[PDB]
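Let the hints inform the model, and build the full structure from the sequences given.
Here is how the chains run, residue by residue.
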Amino acid sequence: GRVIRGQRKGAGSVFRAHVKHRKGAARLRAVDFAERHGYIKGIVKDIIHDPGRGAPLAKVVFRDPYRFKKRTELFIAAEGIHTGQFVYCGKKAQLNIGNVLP
Amino acid sequence: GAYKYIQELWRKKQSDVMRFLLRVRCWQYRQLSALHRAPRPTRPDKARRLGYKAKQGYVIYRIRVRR
Amino acid sequence: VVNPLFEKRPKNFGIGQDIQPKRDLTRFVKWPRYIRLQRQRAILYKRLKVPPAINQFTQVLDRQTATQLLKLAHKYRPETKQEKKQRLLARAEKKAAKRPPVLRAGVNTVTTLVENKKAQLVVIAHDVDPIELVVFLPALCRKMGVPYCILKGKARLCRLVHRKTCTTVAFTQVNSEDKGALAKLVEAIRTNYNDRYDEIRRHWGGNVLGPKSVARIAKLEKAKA
Amino acid sequence: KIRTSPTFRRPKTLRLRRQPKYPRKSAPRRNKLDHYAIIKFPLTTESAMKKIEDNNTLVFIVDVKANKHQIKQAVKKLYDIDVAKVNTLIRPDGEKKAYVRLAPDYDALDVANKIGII
RNA sequence: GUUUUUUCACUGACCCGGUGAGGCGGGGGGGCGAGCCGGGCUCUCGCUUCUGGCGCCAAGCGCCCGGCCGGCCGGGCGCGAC
Numbered sequence: 002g003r004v005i006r007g008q009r010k011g012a013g014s015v016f017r018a019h020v021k022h023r024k025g026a027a028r029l030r031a032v033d034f035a036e037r038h039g040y041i042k043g044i045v046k047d048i049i050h051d052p053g054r055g056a057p058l059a060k061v062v063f064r065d066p067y068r069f070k071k072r073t074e075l076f077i078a079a080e081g082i083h084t085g086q087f088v089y090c091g092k093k094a095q096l097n098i099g100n101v102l103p
Numbered sequence: 002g003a004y005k006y007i008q009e010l011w012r013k014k015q016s017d018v019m020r021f022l023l024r025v026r027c028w029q030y031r032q033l034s035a036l037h038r039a040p041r042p043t044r045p046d047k048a049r050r051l052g053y054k055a056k057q058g059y060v061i062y063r064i065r066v067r068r
Numbered sequence: 080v081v082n083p084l085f086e087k088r089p090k091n092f093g094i095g096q097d098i099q100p101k102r103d104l105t106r107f108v109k110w111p112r113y114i115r116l117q118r119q120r121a122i123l124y125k126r127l128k129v130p131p132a133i134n135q136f137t138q139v140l141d142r143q144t145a146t147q148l149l150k151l152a153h154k155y156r157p158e159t160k161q162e163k164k165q166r167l168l169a170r171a172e173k174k175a176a184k185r186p187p188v189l190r191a192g193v194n195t196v197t198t199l200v201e202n203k204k205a206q207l208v209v210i211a212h213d214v215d216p217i218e219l220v221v222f223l224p225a226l227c228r229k230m231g232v233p234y235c236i237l238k239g240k241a242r243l244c245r246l247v248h249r250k251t252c253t254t255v256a257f258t259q260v261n262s263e264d265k266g267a268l269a270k271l272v273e274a275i276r277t278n279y280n281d282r283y284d285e286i287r288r289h290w291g292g293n294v295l296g297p298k299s300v301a302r303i304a305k306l307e308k309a310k311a
Numbered sequence: 039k040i041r042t043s044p045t046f047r048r049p050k051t052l053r054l055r056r057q058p059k060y061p062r063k064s065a066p067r068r069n070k071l072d073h074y075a076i077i078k079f080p081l082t083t084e085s086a087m088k089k090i091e092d093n094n095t096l097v098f099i100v101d102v103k104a105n106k107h108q109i110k111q112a113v114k115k116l117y118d119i120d121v122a123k124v125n126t127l128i129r130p131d132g133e134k135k136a137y138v139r140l141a142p143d144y145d146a147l148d149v150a151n152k153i154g155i156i
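Residue numbers (the authors' numbering), protein chains in the order written: chain AA, 2 to 103; chain AN, 2 to 68; chain AG, 80 to 176, 184 to 311; chain AX, 39 to 156.
There could be a bad hint or two in this list.
Claimed, not checked - Within a straight-line C-alpha distance of at most 27 Å, the following computed DSS-like cross-link-like pairs (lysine-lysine) qualify:
1) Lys101/AG with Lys93/AA
2) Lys163/AG with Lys56/AN
3) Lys56/AN with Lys240/AG
4) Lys310/AG with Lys70/AA
5) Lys203/AG with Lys5/AN
6) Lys298/AG with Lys5/AN
7) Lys164/AG with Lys5/AN
8) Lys70/AA with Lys106/AX
9) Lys56/AN with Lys164/AG
10) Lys101/AG with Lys39/AX
11) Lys39/AX with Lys109/AG
12) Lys229/AG with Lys54/AN
13) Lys50/AX with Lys109/AG
14) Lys101/AG with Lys42/AA
15) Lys93/AA with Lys305/AG
16) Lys71/AA with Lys109/AG
17) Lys109/AG with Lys87/AG
18) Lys93/AA with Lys298/AG
19) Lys93/AA with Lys125/AG
In short, the hints are calculated from the structure, not lab data.
Encoded structure:
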């Protein structure tokens, strides 16, 4: 009549993930006009360790194509990426490591 | 009298006219909130029967109940 | 004369080369839920196979004829709230010391004089929101031989009466002088609605796709020829 | 004219200010913490009478709601005297005790004759 | 014709994903290739890739428009940014 461990795991409180020191959501950059029709250049700032992820992450600081601000995206660091490497993203971007394209 | 013409027109809900009007409004009413003020009765005619006079102080809400 | 310092300093709005200018984003705005709602209602009217009892309020009296009917309908203003007081000073002149013709407003006091045949013409408004108030009325006037005409605006028909909106407007009897204009309005109305109502009954609205979906069919026609 | 931002933010509509057709309460409720109602009684304790003769102060028992500013007028208004500073502690009894240090242009032991403590 | 009905794509409810709902779809102006003796067309690209800088709040070119004594002291509106 006691609930099994898996059923208790589904609830939360105790079996939830420890997301305190997690260095952020590893996601790509959002699609816009500078992704779909051409490319955009953004520099790799620093390869970083995410607690609770085997692979490292990369703070790749792109220039904002619309605003005066400068945007920063947490990519999954490709093997052979380094700091100050130019990573180009979009349709017309080249086919080499880190260089994301559709 | 205008009301009797709307009366039997609301009894042919199966009609081509009312399979459009009850279908495109049932679209419209899902996109508005669960419980909000209607500016008027959708049916002036039906609200006539149930005692709604169209004077100041009478309020008509349009609320949805999950089926 | 000229200043050689005044230099052309142009911008290169190519992708990535320079920042983008403050250009038109009106058609990429996240609109309020009510503005989005009323717009893609007007769109569903253009897609869904609208039945011809509702579509007959798209066949409207044109620009040139509408103002002619309003011109004669402006003669027949039902009296103002302050014009009401000016009749009961012409009263105790005769006591202490016939009526002129007007418009008849609303759906009740029109449709009670369509079966009665006491309307020489009916003026329908096209944008009654709970449409069922009027849907029957174009059909009603076809049977009783009253010429019905449909206008663009219930507010502008509500201007003739001293109110916000008015659904329908009828002509009972008119001034014996001004029968000519009233009778010539009938022939252009009677021969554009009543003489061809069986054509209006087989007249379906909507069933027109999006203009980029319509413009993709053209691509699939220009590839096989 | 074009929408410069892709977000429809609510337009800044005009608002009017409260023009009352009647005041909610008939009159303003009077200041119940008067200069008499704020200082209850001066302490005539040997420790208090020491503090008056040794440190140029007075020891009053003050209403628990009082600031150090309200007392600084309360002792000024009722005793025609000036204040250097006020040091308020709430006793274990639950009442406030103001150590009203008087400025040296006046005498503390002499004004203790005026208030009538010995 | 009318319905039962397998099979393709249609969008329009309905669901999902992103966004600070920032350039979507047609069409044109403007550059690369193709065919006829300045000519009118069939389709392609539409601006940034040698380096851990810089880039926002427009220069430019148009046009009306405020005074005082056709010459002297500025703001606004369009392409630029179809």
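Results of checking the hints against the structure:
no.: 1; hint: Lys101/AG with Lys93/AA; in the structure: holds, 25 Å
no.: 2; hint: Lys163/AG with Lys56/AN; in the structure: holds, 22 Å
no.: 3; hint: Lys56/AN with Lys240/AG; in the structure: holds, 20 Å
no.: 4; hint: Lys310/AG with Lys70/AA; in the structure: violated, 49 Å
no.: 5; hint: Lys203/AG with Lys5/AN; in the structure: holds, 18 Å
no.: 6; hint: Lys298/AG with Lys5/AN; in the structure: violated, 45 Å
no.: 7; hint: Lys164/AG with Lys5/AN; in the structure: violated, 35 Å
no.: 8; hint: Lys70/AA with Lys106/AX; in the structure: violated, 50 Å
no.: 9; hint: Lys56/AN with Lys164/AG; in the structure: holds, 23 Å
no.: 10; hint: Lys101/AG with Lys39/AX; in the structure: holds, 11 Å
no.: 11; hint: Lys39/AX with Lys109/AG; in the structure: holds, 18 Å
no.: 12; hint: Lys229/AG with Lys54/AN; in the structure: violated, 32 Å
no.: 13; hint: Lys50/AX with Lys109/AG; in the structure: holds, 18 Å
no.: 14; hint: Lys101/AG with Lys42/AA; in the structure: holds, 22 Å
no.: 15; hint: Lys93/AA with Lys305/AG; in the structure: holds, 26 Å
no.: 16; hint: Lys71/AA with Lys109/AG; in the structure: holds, 24 Å
no.: 17; hint: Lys109/AG with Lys87/AG; in the structure: violated, 37 Å
no.: 18; hint: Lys93/AA with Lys298/AG; in the structure: holds, 26 Å
no.: 19; hint: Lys93/AA with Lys125/AG; in the structure: violated, 39 Å
This entry does not satisfy hints 4, 6, 7, 8, 12, 17 and 19, going by the numbered hints stated previously.
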